[PDB]
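A single chain, nothing else alongside it, follows as structure tokens in the form deposited in one PDB entry.
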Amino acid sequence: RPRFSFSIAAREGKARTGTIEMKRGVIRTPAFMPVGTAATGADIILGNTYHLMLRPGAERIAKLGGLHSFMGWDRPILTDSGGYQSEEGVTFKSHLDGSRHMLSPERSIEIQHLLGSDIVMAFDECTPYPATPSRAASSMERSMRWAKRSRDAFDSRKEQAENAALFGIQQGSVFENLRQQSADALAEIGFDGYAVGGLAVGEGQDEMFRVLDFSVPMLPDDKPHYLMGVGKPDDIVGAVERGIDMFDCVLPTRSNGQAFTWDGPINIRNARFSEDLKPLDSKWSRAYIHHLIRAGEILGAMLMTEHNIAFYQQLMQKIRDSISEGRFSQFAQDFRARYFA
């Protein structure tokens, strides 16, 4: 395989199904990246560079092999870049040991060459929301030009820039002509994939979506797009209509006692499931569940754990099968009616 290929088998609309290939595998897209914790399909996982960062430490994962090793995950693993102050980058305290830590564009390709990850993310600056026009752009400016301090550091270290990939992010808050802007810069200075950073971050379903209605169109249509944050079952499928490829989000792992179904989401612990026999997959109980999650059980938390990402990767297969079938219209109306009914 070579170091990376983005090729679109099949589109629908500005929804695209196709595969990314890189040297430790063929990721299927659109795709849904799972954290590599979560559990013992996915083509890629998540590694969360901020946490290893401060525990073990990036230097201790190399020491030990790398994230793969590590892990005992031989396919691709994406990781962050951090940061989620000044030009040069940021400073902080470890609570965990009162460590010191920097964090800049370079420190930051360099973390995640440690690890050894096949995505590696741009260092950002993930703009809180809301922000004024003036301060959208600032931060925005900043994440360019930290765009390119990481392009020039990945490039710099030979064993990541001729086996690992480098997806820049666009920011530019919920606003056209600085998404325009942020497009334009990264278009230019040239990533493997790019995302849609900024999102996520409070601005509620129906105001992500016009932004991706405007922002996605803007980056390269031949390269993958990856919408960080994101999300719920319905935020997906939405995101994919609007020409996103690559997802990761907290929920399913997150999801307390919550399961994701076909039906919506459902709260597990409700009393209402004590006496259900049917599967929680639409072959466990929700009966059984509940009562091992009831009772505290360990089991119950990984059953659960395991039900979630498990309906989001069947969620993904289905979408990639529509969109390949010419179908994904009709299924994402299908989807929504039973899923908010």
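Throughout, rigid core stands for the largest set of C-alpha atoms superposing within 1.5 Å between the two forms. Numbering follows the first chain given and starts at 1. What changes on going to the form deposited in another entry:
- Residue showing a CA shift of 2 Å or more between these two forms (rigid core superposed; candidates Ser94, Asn163, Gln180, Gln205): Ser94.
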Second form
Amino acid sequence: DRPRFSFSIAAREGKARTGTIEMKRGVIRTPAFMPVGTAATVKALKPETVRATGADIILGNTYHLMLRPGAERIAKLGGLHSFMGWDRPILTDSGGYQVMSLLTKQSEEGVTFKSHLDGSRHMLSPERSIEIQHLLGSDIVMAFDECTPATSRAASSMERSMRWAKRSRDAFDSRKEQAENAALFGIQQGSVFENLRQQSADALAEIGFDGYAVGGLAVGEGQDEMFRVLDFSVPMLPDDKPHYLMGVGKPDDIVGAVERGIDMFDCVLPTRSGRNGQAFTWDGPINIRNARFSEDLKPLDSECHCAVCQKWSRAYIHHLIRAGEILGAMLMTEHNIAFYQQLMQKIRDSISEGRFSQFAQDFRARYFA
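Alternate state requested, the form deposited in another entry (shown: the form deposited in one PDB entry):
Shown next is a single chain and nothing more.
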């Protein structure tokens, strides 16, 4: 048998850490990047291709799947893993952020809202969110939080989220199958305010979670501000548990966040911007639709080990994306997700060899040249 959840730090450099999370469905190498699979698919990739790029875990969403195709329906069909054909760990967001981003009525009990898809009306609460995530069969369950710049007011939302974090913990612990086979993460709130971040961290650590996410970022704050908040926020979290930065981000954001103690990441940038023609390279991103690539026989990136860069030219991918061909989206997406995973591998290896500081400097010098 394998453990439910065991995080082990193998090496450190400054605030950066590298290690593993062992879970029943597999091992997660940290720092980790999670491709986003909101609609029970990582867009334009088979799950075998997601795995081939190096991903150990993907992200799903309570909000989208409760609406389409439905949580109880996925459970009847055998759970999210069987449904989409990914047999490794899945982390699910709780719905707190997506309900706010995508027609809502807030209270201490929870949120009622109108779906952006049907106009149908629905409810979420800590207890319903945890139940939905159980029905999906998520391996890492997120606590349900209230999400809203803010006064002052940020403290009201943070304090409610901490009350909801306790209800999430209790709902999770009441479901034996969940508590024995899954892990539960809390979400730190408090916006840009050091004192509220501390109050939030204290509340979560008093409750106790398997891991701690940093919420309230990647919402348009600029990298300077995000780094400032991480500087004081991450040290407040339990050192011996994973630290998950929700929604981040660009390669340069990921590197700086690892320098500040983050272990886990998710964002739509590699998939969405790949479909839109943006390819990541070690010399910075390029827009493959640009006419300069029409006769370029080189691969998207000259060092990348992915299957796309072993077989097809920039010129061919340029043609596909210009033509609106599905294979264009497929190849751009595979390459970008592989690039993100190779970035994470380089981060892990450099921390384990005690040269991550030098890697970060070298990476930024070339990427921004």
